[PDB]
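Visitor: As a plain string of letters, each chain reads:
There are 4 protein chains.
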Amino acid sequence: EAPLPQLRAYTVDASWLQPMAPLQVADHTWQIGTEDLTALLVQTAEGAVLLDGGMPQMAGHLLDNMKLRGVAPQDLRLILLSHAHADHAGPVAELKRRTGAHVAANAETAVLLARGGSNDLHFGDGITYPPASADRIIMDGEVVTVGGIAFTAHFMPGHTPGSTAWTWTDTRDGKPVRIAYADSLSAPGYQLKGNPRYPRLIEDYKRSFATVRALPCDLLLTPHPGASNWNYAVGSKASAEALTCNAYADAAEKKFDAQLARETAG
Amino acid sequence: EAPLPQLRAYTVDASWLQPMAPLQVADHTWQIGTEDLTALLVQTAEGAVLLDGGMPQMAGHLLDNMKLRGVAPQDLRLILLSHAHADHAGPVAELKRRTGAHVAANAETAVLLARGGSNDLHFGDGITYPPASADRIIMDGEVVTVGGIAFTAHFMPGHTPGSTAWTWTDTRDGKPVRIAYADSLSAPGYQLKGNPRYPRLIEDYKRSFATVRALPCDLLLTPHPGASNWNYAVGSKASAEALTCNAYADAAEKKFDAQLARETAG
Amino acid sequence: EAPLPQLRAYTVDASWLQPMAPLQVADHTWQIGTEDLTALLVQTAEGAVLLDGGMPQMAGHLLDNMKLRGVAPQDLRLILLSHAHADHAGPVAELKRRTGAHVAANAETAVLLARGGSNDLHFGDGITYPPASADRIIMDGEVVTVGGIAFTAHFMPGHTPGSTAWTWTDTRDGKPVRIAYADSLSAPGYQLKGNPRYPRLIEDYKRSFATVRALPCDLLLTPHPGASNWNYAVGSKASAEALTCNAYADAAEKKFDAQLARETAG
Amino acid sequence: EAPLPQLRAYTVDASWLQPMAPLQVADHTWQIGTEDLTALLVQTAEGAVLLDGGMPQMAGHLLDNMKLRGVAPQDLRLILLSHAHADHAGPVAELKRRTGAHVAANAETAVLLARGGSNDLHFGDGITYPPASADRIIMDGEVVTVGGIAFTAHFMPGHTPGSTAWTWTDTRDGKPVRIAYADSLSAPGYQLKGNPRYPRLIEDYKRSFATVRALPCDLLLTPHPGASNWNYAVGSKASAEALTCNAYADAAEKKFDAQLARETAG
Ligand SMILES: C=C1CO[C@H]([C@@](C=O)(NC(=O)[C@H](C(=O)O)c2ccc(O)cc2)OC)N=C1C(=O)O
Ligand SMILES: C=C1CO[C@H]([C@@](C=O)(NC(=O)[C@H](C(=O)O)c2ccc(O)cc2)OC)N=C1C(=O)O
Ligand SMILES: C=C1CO[C@H]([C@@](C=O)(NC(=O)[C@H](C(=O)O)c2ccc(O)cc2)OC)N=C1C(=O)O
Ligand SMILES: C=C1CO[C@H]([C@@](C=O)(NC(=O)[C@H](C(=O)O)c2ccc(O)cc2)OC)N=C1C(=O)O
Ligand SMILES: [Cu+2]
Ligand SMILES: [Cu+2]
Ligand SMILES: [Cu+2]
Ligand SMILES: [Cu+2]
Ligand SMILES: [Cu+2]
Ligand SMILES: [Cu+2]
Ligand SMILES: [Cu+2]
Ligand SMILES: [Cu+2]
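Taken in order, these protein sequences are the chains called A, B, C and D.
Here the deposited numbering runs 22 ahead of the position in the first sequence, where the first position is 1.
Here the deposited numbering runs 22 ahead of the position in the second sequence, where the first position is 1.
Here the deposited numbering runs 22 ahead of the position in the third sequence, where the first position is 1.
Here the deposited numbering runs 22 ahead of the position in the fourth sequence, where the first position is 1.
Simulated from the structure, these hints should not be mistaken for laboratory data.
Ideal Cβ positions, reconstructed from N, Cα and C, are used throughout, including at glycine.
Heads up, some of the hints might be wrong.
[Unchecked claim] Chain C is faced by these chain B residues, among others (derived, beta-carbon under 10 Å): (1) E68; (2) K118; (3) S155.
With the rest of the complex left out, here is chain A:
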């Protein structure tokens, strides 16, 4: 008789786990994750902010890169998240323990983060990571300020119920740069139509496409750089082919509409 199957680990492409040196996005914003996973460090006078952290095993690499930027572990004051999946919020638990930073997230992301990604509406328990607790609950449009830099949350439910875009204004060449960190708009293997765990899934994606179009957006970044056409490996040319917020939302909606029709035919 066959035994019950062994637990399967969440494996990803090697480029998602390929460390990279800090890549400057603007005067205070740096990509410090891996080549295929975004992790943004915003350095203020009163401490540092981290948006996403990638996979669980990236915690040490993030702290190494923070130190290359002159940010001691205890100088990290705040962790912000796009959504609480293992490949974006993986190391949050370990980062909280080692930095003393607080996590700000909306209620849906907080509840998912507190489950460690277990009981996913679409993936079940296949992408579990160490759970972490949110210290501040964020509402739609709420402003989070660290060192005088205002971060504004824009709810874009879909990929996860708590999917959030974060916008803030940096500088470059003495001119303002409105950075938009928009969450994923994919639905990989999701059941879209008549989903009992997510009955309004299609309506949420539709409004989220419109939300992404209206974001203040001089420079767009996404948790997966390829989604917005970044290439973190080519250095100072990484952002050359980056999409607008309008192009990102439009490309996402056509892929969504094609998958929706394919689901009807499958």
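Given chain A, put chains B, C and D with the ligands in place with the hints provided.
Guide: Then chains B, C and D with the ligands, alone, in the frame of chain A:
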């Protein structure tokens, strides 16, 4: 350059995942886990109790065996735990969702269960499972009653800070049978001496050896059946060579004292 | 020198704490709360459901009324909530401990319930109650079924971020009765315009007015009976003057628009 | 017919809420609470530590006193607790939100803190406060270090299951001062004998008396200053009549033994 390592899954010996039919221990107590992982079902007039559930992937098998015993999913009223490691408390989250049962545990096991086993004092994040919440906090010596069957908790810290033994009185051949479900007394790969995460580790193990000796104990069971010399596969002869509570505690202390001396010499 | 002020208790009108006998709403739906606080019991073949529980001190009275209906404590399987304020979700913690029932709520209500109502966006810590944990997270439009009776959740954010309406179909005189339990639409003392803790507060109220209008609604009930023109004290004539769902939403929007203009002028 | 009783607020003697200016205990240790509630600030080069915070309404006063000591809100790095009752851990939730400090506590205190003091083993829901989460779980004897100052936890269960004494070495007149912050040893209105919620209550108190006797103790402080014979109001003479650790434990045990005999006779 080498990428960061992929996540490693918690793999175990095949016999830990080998399903078995319900094996009767006493008039109301059944082993319904696998051949090498204990999961005890106690059936009362007012519902069923489950002590431990084994690995995360055993949830369906447990519910199948409960149904073979005539226990519908919603008839499970209470889940009790020896300790909150992935191979004993793995399926607790899924069982709560599908049965409506409550979990009773002490504070140390509840805090570990709420982390999904992450941030283990000795194993780090290597044995993470879906986290679950305790509905009732139990003190040492406290009695938990379901259907008129009294379960008494005996704290035996060591293997985990929350390690607990559960005792209750069943019947067999019209005579009382005092069953003792004692937790693991192993320290596999632990640092025993001068452990900053567990400074009183040795003192706790010592008192726990004495606690196990004094348990009301006509029949001893352990989360790993081989620890108490059970053999779930040979059917009605499974308990023939089972150890006493005194023999279990004594065998454990000698292994502990030998490992302690080996640690001094290693 | 004056000392710091003593803690102030959450006091309410006496009629909110005036016990009443079970009042039948339909074949399986009963009001079992107080004269001015709704607490609905739906009795199925496979257990009972409770929607709201009123104040913290109502826990014993609810269990007394459940027993008058023939519902033993352990027969309560599910607790549903309009919103997690002290006067509607007060006794949830005690009810879970004594009945083994599970709580189903959306993420916003779960996070507020887990704080015991502390850190309210508008009331601060003035209405704290014993906190409780949600066992199942509910999405908008999701169906929750107990004993074959389907409960559908309709998010109506505003009074609280997690404010929810619950709809289900009962019977009476052999004919179907579509009951709508709609949450509060008041904003008592709220700052509506430019609220940093709730920047989209006005937009949420507006959509919630439209959501209430579109509910399947043969009979409307609200957490405060006077909001829908019930009078629980006059017995079998309690529902005579009850409002429609359209009249409730319209009366609420005019009060909201008048308060919004008064806020501009105050 | 009488209505259900209104909620009763946790009121205390005025002196528990009488603010006081910072009173220096040693080179880096200050009493910054009220006249009858201890709240200790330890200032290091790398941030500040707070042991206990008193009542919920003391949060603002604590931050005012921290600022008088030159400690900005975000400079508070760690909150430590004797036990999680409303008059000692009241403002922890608000302090975390406004300072970004982490809370370190054992599992029993963390579980009680997470309930906001509700479901007390002896007081029920009479002393509920805003709940807070522990960021680091502490074991017995574990060392917590901030700015090079080592804090050692000594479990003394009794007053609460998680009751903890904190010891550290400060300086004064160039000589070391071993400060012991020992928790309460009272059992006000407790049922000591055969308590189903706390069956080993008497054994825990007995061991805790011995634990307090053996503490490194040049200067003893307690959460209630009168328990160790401090008088915070008389300024630089506040510690003149302070008890030793041995005298405190002995005075507590005689009061405990007299109450135990009175309980047998009552
Ligand atoms: C579109 C993608 C690419 O896939 C990742 C995702 C889905 O969110 N899935 C995966 O990593 C795998 C996949 O989708 O095949 C996977 C592997 C194992 C498993 O059990 C579940 C999923 O991350 C969880 N994220 C995005 C995004 O846009 O964010
Ligand atoms: C003495 C044992 C045998 O090992 C299991 C244990 C340790 O508790 N470890 C393991 O399963 C593995 C092992 O110990 O080698 C393991 C594998 C991977 C890993 O990352 C960590 C541990 O269960 C977690 N339990 C007991 C017990 O007496 O309960
Ligand atoms: C419109 C009302 C009437 O008031 C209650 C409310 C507000 O939600 N407030 C109160 O009970 C008091 C009030 O509003 O004056 C109060 C008293 C003390 C306090 O610290 C805060 C509020 O319940 C919390 N609920 C509704 C509802 O529609 O649900
Ligand atoms: C010995 C005392 C004095 O009382 C406080 C206590 C008990 O811990 N109780 C009280 O404050 C009141 C009392 O004991 O009468 C009280 C008031 C209302 C209530 O509902 C419960 C208790 O704090 C909770 N602490 C200690 C200690 O040694 O720490
Ligand atoms: Cu994702
Ligand atoms: Cu992803
Ligand atoms: Cu183990
Ligand atoms: Cu094991
Ligand atoms: Cu309300
Ligand atoms: Cu109300
Ligand atoms: Cu106390
Ligand atoms: Cu006290």
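Visitor: All the hints need checking, so say for each whether the structure fits it.
Guide: The hints, checked one at a time:
no. : hint : result
1   : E68  : 7 Å, holds
2   : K118 : 7 Å, holds
3   : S155 : 5 Å, holds
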